[PDB]
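So you can see what is in the structure, the chains are spelled out below.
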Amino acid sequence: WXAXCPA
Amino acid sequence: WXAXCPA
Amino acid sequence: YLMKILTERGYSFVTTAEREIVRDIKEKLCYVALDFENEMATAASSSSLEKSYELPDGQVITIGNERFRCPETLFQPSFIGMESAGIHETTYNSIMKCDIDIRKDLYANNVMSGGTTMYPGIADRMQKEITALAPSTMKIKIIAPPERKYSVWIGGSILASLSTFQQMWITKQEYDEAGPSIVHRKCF
Amino acid sequence: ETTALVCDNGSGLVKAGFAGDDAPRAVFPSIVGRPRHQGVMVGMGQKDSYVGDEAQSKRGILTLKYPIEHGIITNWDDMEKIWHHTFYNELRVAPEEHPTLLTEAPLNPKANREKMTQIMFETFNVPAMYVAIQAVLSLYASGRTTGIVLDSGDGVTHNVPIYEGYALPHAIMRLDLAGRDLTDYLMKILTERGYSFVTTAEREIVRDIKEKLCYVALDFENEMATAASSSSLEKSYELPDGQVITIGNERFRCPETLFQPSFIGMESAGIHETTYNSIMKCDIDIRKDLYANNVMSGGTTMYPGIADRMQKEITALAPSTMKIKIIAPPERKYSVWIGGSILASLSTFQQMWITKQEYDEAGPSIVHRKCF
Amino acid sequence: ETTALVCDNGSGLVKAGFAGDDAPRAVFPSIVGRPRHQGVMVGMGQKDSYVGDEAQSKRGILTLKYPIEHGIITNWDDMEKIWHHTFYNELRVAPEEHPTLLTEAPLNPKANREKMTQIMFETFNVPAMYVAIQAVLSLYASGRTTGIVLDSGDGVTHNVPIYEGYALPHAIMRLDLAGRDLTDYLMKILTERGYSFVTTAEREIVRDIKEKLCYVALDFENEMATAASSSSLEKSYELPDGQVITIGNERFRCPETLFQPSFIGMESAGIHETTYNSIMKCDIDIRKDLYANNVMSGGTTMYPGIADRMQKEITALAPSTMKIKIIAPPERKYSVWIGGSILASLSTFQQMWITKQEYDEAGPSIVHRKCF
Amino acid sequence: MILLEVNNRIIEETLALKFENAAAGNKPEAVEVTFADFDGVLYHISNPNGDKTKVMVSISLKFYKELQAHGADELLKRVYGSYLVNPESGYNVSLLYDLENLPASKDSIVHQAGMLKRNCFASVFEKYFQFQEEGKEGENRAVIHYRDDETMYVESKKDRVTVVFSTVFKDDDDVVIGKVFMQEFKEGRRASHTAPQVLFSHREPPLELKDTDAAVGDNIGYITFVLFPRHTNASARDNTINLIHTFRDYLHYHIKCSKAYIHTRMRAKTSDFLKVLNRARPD
Ligand SMILES: Nc1ncnc2c1ncn2[C@@H]1O[C@H](COP(=O)(O)OP(=O)(O)O)[C@@H](O)[C@H]1O
Ligand SMILES: Nc1ncnc2c1ncn2[C@@H]1O[C@H](COP(=O)(O)OP(=O)(O)O)[C@@H](O)[C@H]1O
Ligand SMILES: [Mg+2]
Ligand SMILES: [Mg+2]
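Protein chains in written order, with the entry's author numbering: chain l, 1 to 7; chain k, 1 to 7; chain S, 188 to 375; chain R, 4 to 375; chain Q, 4 to 375; chain D, 1 to 283.
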């Protein structure tokens, strides 16, 4: 992901 | 170690 | 719903800490839209509406249509899947169920309170919707005091300060002799 | 123009094949490896980049990296390389000849969908394509119209309640927990036993070990007590080098992370709790139908005894006045691909595709309105 | 029963002393050497086994072997011998008189802990003892409750994020890279220069050379270019035999292996990358606190300029909108021992010990549940 | 070079060659040279008259009229002091160095003169940022089309600033390559934390440019960069200005670099093709 978690 | 690396 | 849409944008928030973060974000960067379709079209030309927020970690999140999308859920409950009506429709139904004569007075006075009604432009949208639904022969006025957050507490304090209310209280003796059911009959 | 190709970009594996076949014609993991050493020999200028079973075979001198992480693409070059490989080397079918079908997990960013559609329409100039959801294809494969999907893939686990002829988009829950986290926890515990594994090659080794010697436990405390009497549960596995590793409690410990996410430190709930919450959020009448039908799919739900544990947990949580049934087809691994093939074979779907003309005139945003 | 003894089994130099003192009373390396020749003279039947500074002094006729390798014990006889030596010859304190405190790296096998506890309780019959972690003792020594520990020891480098009153066991990363690998790489490069060192005595010599004439480089390429103009960087060292060795680029080459593990061929990341990953895996709110506090300890982090390089790398990787501070106390070598002494001195800890009665009735597994 | 520089090294080199021998007596070294740089602007260095003790530098800015209308009184004293005189060549800013007076600094003055084009260009962007910072009523938006047929527009409202780019490609060969290049510009964000939003639009011009007579057509794309104070304060202003001004030539140079890269790759593949062919010749 972009915010929260990686991906 | 036992598996992987020596120790 | 704001969390769900923020997911569609690309930002993920699940736990309660991010719930508080999104609550703050909504408190700071949300507003209502007078016209939904016009706002969506202007969002298609997304060069003047997007805004940035600074997260505690320093990451910057850009929010566009979500600013005026989540508040519209109040007027369009179908977004969440609830088979109900909006606040305007419910207020119209409630006023209609009242007697004809008092309808004029109710229209002339519309007090609102609570922390969910601080979005700028909400009063104007409610006025427009009510006037559109109501007959276009009288005047509808919306009163939006700038301290509606603590209106309930102020009213409670004023009521307690009233001399006549010093006897309406419920004391331990009468409660013990009667029972918990007394409060039910105390002013409904 | 006689058939179509269905490609499932699984978080850990890729499935592809022709529309009509009952089994996929290409099953290889999503690996894009590059050499890590310098290279000395002169008689080989070979393939700076590696993909597919080749990468698996020579994984000992490569830095394997998964292009897709938890359902969201991170490196587009790797994904395009794998797409090219699958289309040309394996399938040996030109994109123009037939259209392509793509699937993705729910609640994914729109940026990924737009980029994928743009790349597919521009690079390979496919005549037409479509984007769907794995759970609906699972329903199509199962030949049912009502139920709840447990699509516990390698990267993402999600549920989507459905009813006759309609869905409930407001009751969709997506959990990041998946096979990769289980493998990481398995590595961590294997460290506590005395066996160390860090690099990606040993990651694949541990993945195989879990695939072969893991199962779920009906009762955690009873299994732990029986492990205290460790004389009938330990099992041995043969490593490529010949070393033998004895695995005991780890067999039924890692799968329990699904029901107890607190082990990894995630402040969430288990699959049973999430499914219960999703079904409760639905209307009262459809709750009976949802309970009576519970479809599950994905590669993370093949552990023996998982269905029994899920049934027991749901019945314990749900009122004890009705009947709860768990359906566990023995071919859930490729259920998504079968559903995609069946959907493509449908006559009515021959017009729902998205062609180059309408895409170019409208723009990438069209796919957003195409069935959400 | 008035005080307690804290012993830190560094897989390198062992540290011991009384609880309350601000400095250790015994600092000798972990060496267990045995004679390699035959022996001819008759007026000597001396000490078939050698340990401690004695081994260092007469290392020229002994096959030095480190009992502990990368944080895990390999030979139990050597460890028991060193324990006996430290307890009797140096400390001259009976085990029964006072209890003992032991520390070990995180993510170690449970077998080592159980064996150590059993040996301590059976052989020396210590009244009580405890097992802790070096990083938490580093926090105690630093007088802080929040931060991230960089415990880069001689055998293992690890990090353990912490928050006020609690820890994050799911964000612990352990790296096998440590001082021994640096010494091996230094030997390999010293070979490329023209100086050869193979046996263990020259291993100690190179260890001293690195301890005395090594430093980190802010920019690798700029330092290499300035080395191309080698007229102000070369330095000379005096060997025991009197030979003089000139060292140039090797001074700032070996330390860079920490930030570039690819030099040794390990498919991993540097300390900066591992710390960034560990902090990212934590919750968003505590990231600010972790950035604001970064405690480091161990004998491998005394190279001048290491703190500046770490700060620069972290700020470059982290967003450039906040402030990152590196704290480098000038007594980080014995921070673990100081923390252990302070923890032992705590009144509340006088009851957390493990005594012989409860250990015998319960068993060796008790230590596993004692604070993980 | 990856980030195209802003300091024209021609002036740096010539001034270094002149000054390194400055302390050598009555050394005029009459100089008269004409140069050219990006944005289709012509430079000119030439002594004002037979007196060779003074050297003059001038510019031929295409959009000079807008700068004169705006007023650059800030630029007349902040970066350039008393060594600036009224225009001579074409009604465009021209400076000169007084050699009779002792030049104390050597590198600072040369560096200041090196960025003349950007130094004059900033007079509008920095002033708009000051307008939105100072709280003054949002100054009227302006359009600044430079020598290229394309156009530049900026809007400076409260709480943020905006900028939009219009792109025109001349040769049919590079149109598609530039389209591909700019397609991924609006999405690449996984390696930037404190960076502005980026978007691409070619079919539908933004609603801002409808009234403005900016670059309007069919084969013209649009790029907008959203501006916020976190990356437009007094610290990160020069970097942003340099990046935006050097945006066009940056795109151009990297397009050519990609062309060379693909040329190299195909040249490498020719060797493999020849190796495959060589199977036909006998042993
Ligand atoms: N025989 C198996 N038993 C248990 N798990 C398996 C088995 N085979 C694969 N898996 C797991 O399922 C995952 C792959 O199944 P798959 O459904 O293709 O993931 P995806 O959802 O991306 O399609 C692997 O990561 C693996 O951990
Ligand atoms: N003065 C020094 N300068 C740089 N490194 C040192 C210095 N003294 C020791 N070291 C390094 O630190 C290591 C020993 O520090 P130590 O903390 O005792 O290891 P451990 O963590 O097992 O206790 C040595 O291997 C050595 O490489
Ligand atoms: Mg999948
Ligand atoms: Mg140590």
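Honestly, I wouldn't trust all of these hints.
Subject to a maximum C-alpha distance of 27 Å in a straight line, what follows is the list of computed BS3-like cross-link-like pairs (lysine-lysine) [what the hints assert, rightly or not]: (1) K326/R to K113/R; (2) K68/Q to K213/R; (3) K259/D to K238/S; (4) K191/R to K118/Q; (5) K191/S to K284/R; (6) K191/S to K359/R; (7) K359/Q to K336/Q; (8) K326/Q to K215/S; (9) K170/D to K210/D; (10) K328/Q to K315/Q; (11) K113/Q to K191/R; (12) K68/Q to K84/Q; (13) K170/D to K238/S; (14) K215/S to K113/R; (15) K210/D to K84/R; (16) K238/S to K113/R; (17) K136/D to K215/S; (18) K191/R to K373/Q; (19) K186/D to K359/R; (20) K336/Q to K215/Q; (21) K359/R to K328/R; (22) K215/S to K291/Q; (23) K157/D to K50/R; (24) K113/R to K213/S; (25) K118/R to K186/D; (26) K213/S to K284/Q; (27) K238/R to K118/Q; (28) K238/R to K68/R; (29) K84/R to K158/D; (30) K238/R to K113/R; (31) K157/D to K84/R; (32) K315/R to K326/R; (33) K315/Q to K284/Q; (34) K256/D to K179/D; (35) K113/Q to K215/R; (36) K113/R to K179/D.
By construction, these hints were calculated from the structure, which means they are not laboratory data.
Going through the hints against the structure:
no. : hint             : in the structure
1   : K326/R to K113/R : violated, 40 Å
2   : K68/Q to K213/R  : violated, 38 Å
3   : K259/D to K238/S : violated, 38 Å
4   : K191/R to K118/Q : holds, 21 Å
5   : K191/S to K284/R : holds, 15 Å
6   : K191/S to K359/R : violated, 31 Å
7   : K359/Q to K336/Q : violated, 32 Å
8   : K326/Q to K215/S : holds, 25 Å
9   : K170/D to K210/D : holds, 24 Å
10  : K328/Q to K315/Q : holds, 10 Å
11  : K113/Q to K191/R : holds, 13 Å
12  : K68/Q to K84/Q   : holds, 13 Å
13  : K170/D to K238/S : violated, 36 Å
14  : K215/S to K113/R : holds, 25 Å
15  : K210/D to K84/R  : violated, 42 Å
16  : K238/S to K113/R : holds, 19 Å
17  : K136/D to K215/S : holds, 24 Å
18  : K191/R to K373/Q : holds, 19 Å
19  : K186/D to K359/R : holds, 22 Å
20  : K336/Q to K215/Q : holds, 15 Å
21  : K359/R to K328/R : violated, 45 Å
22  : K215/S to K291/Q : holds, 21 Å
23  : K157/D to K50/R  : violated, 53 Å
24  : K113/R to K213/S : holds, 22 Å
25  : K118/R to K186/D : holds, 11 Å
26  : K213/S to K284/Q : holds, 26 Å
27  : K238/R to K118/Q : holds, 24 Å
28  : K238/R to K68/R  : violated, 30 Å
29  : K84/R to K158/D  : violated, 46 Å
30  : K238/R to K113/R : violated, 46 Å
31  : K157/D to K84/R  : violated, 45 Å
32  : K315/R to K326/R : holds, 11 Å
33  : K315/Q to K284/Q : holds, 21 Å
34  : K256/D to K179/D : holds, 14 Å
35  : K113/Q to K215/R : holds, 25 Å
36  : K113/R to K179/D : holds, 21 Å
When held up to the earlier numbered hints, the structure conflicts with 1, 2, 3, 6, 7, 13, 15, 21, 23, 28, 29, 30, 31 and fits the remainder.
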